[PDB]
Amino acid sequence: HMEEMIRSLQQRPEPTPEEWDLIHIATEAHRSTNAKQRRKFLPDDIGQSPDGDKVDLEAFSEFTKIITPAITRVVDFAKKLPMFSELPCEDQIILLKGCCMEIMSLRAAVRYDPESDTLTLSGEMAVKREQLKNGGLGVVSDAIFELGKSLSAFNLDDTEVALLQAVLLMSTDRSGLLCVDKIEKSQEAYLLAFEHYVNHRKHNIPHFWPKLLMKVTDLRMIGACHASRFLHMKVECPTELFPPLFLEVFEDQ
């Protein structure tokens, strides 16, 4: 026990004005690159749940038509982060390929609406778990909805979502990177700045930070699992339906 005491005995350092700068740049890089009022729903006849793993081409088409902008927004987000913009093109590619699905999934998960039990892709199209699943994501769809439901309680604000994206972007998990050190350092700086921003928000939730950190694992699973679905998508879907950017970002794996 002694949880209440231990909790209160913990030091909650606020953000140092080095971290407040990061937290501001990042927060705006995020806000300016991610756009519920006039959100159009995706027709219930599209992707309505033989072949246990068949991909509904119609649904798939609807999602690939809006994926290029979604991917462009993540790239735009990265470009607005100093420590990223200064990296070699090759590095930016590897980083982007390594976190694009995660960030896109995070943005989808936070736009989750419990009322309608849907997600809003590109901040406009509202999709039901079934549709996104038949459209190609399969279980990954189940995973993003599961994450979206659980993130409602966290009340993440633009900054937490923003730093969470920076943390995902600045990873040295993939190979072929050049500036491993500089990225590593940006990672640690964002994590630290992120943690202090969470101390500042004072969430009425027990072990919030540790829990929010576990969401990163959820997103990386979604990311990794997405690479599989993508392969399955290339098998089951006409190549003409795959936009160029979509292919560059998820192929070669």
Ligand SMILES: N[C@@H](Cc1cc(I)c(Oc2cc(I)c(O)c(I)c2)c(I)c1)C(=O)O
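We call the rigid core the largest set of C-alpha positions that still match within 1.5 Å between the two forms. Numbering follows the first chain given and starts at 1. Shifts are known only where both forms have a C-alpha. What changes on going to the form deposited with this ligand bound:
A movement of the C-alpha atom of residue 16 falling short of 2 angstroms is seen between the two forms when the two forms are aligned on their rigid core.
Here is what shifts between the two forms when you lay the two on the core: runs of at least 3 residues, every Cα off by 2 Å or more, at 3-11, 50-53.
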Second form
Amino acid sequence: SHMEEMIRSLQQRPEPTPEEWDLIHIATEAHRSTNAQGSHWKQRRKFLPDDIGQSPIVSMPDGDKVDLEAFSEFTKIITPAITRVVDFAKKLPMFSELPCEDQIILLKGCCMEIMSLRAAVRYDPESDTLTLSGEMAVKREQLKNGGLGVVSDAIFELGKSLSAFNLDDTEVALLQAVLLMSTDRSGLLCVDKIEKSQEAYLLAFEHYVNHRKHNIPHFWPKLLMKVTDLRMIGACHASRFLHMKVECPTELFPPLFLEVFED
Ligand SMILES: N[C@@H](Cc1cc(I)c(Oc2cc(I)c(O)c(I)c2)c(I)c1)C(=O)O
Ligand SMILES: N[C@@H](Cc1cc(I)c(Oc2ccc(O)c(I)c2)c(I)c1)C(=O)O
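So the form solved without this ligand is up there; where is the form deposited with this ligand bound?
All chains and molecules follow, beginning with the one already shown.
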């Protein structure tokens, strides 16, 4: 119609359908309601003390040693952070309608990917820190030494790079949904359903990106490349975590931390 043509005049690229907009809205709100500190994170965060995370003392196979005190500080707050990812997932209809066993598998498969993304979008250029759970600002060396090793470098590099993308809450939520609904995991029942859900999120996401009209060229494939980086972060973390478990006693690991990663 004439009105449609008028408001779509400066559009070319496909916009979200009314169905995709519903999908987009639910995911955005699921993220906002489970994202710690919302928009008050820069005012509310406190820095991890500088005398913490300077003393790596416990050996690891790759030679990046672990600072036990720093490791303790990070794990003290990891349980509520993991809980929030589960809270997010539970709010997506396509996730909550899966068999319980599939839900657990998907959560374990994407948990580090999502937490790292949530840290990375709160990279702060002026202090050169990430913010963990919207409350702990950490430096590169601290997060490296407290257990993550080279995984810390990778997350900081992602966070630095994401600054120019100016992602909004919707874009973050949709990245999360895409990470969540992956079938690259063993033991899933509803493979086809999970893939169709990921495809629906991906297409809504591509269309939302069109709607946003970012200033950066080639935005969509650039963001897809970031998904691959998050995947590699997740994989490096899974490997390092196995090593952590070999080196350190169970008592240093919160129960939920072990459960999500012990796979
Ligand atoms: N179900 C899939 C969906 C998915 C497919 C592709 I195709 C893709 O894009 C790339 C780009 C490069 I470069 C790669 O090396 C790889 I591997 C994937 C991405 I991002 C995600 C999944 O959950 O991953
Ligand atoms: N910032 C996120 C939550 C978040 C919390 C923590 I503690 C993080 O550090 C980790 C993660 C895995 C580890 O094995 C170790 I040792 C440290 C990261 I990276 C992210 C949010 O806002 O939800």
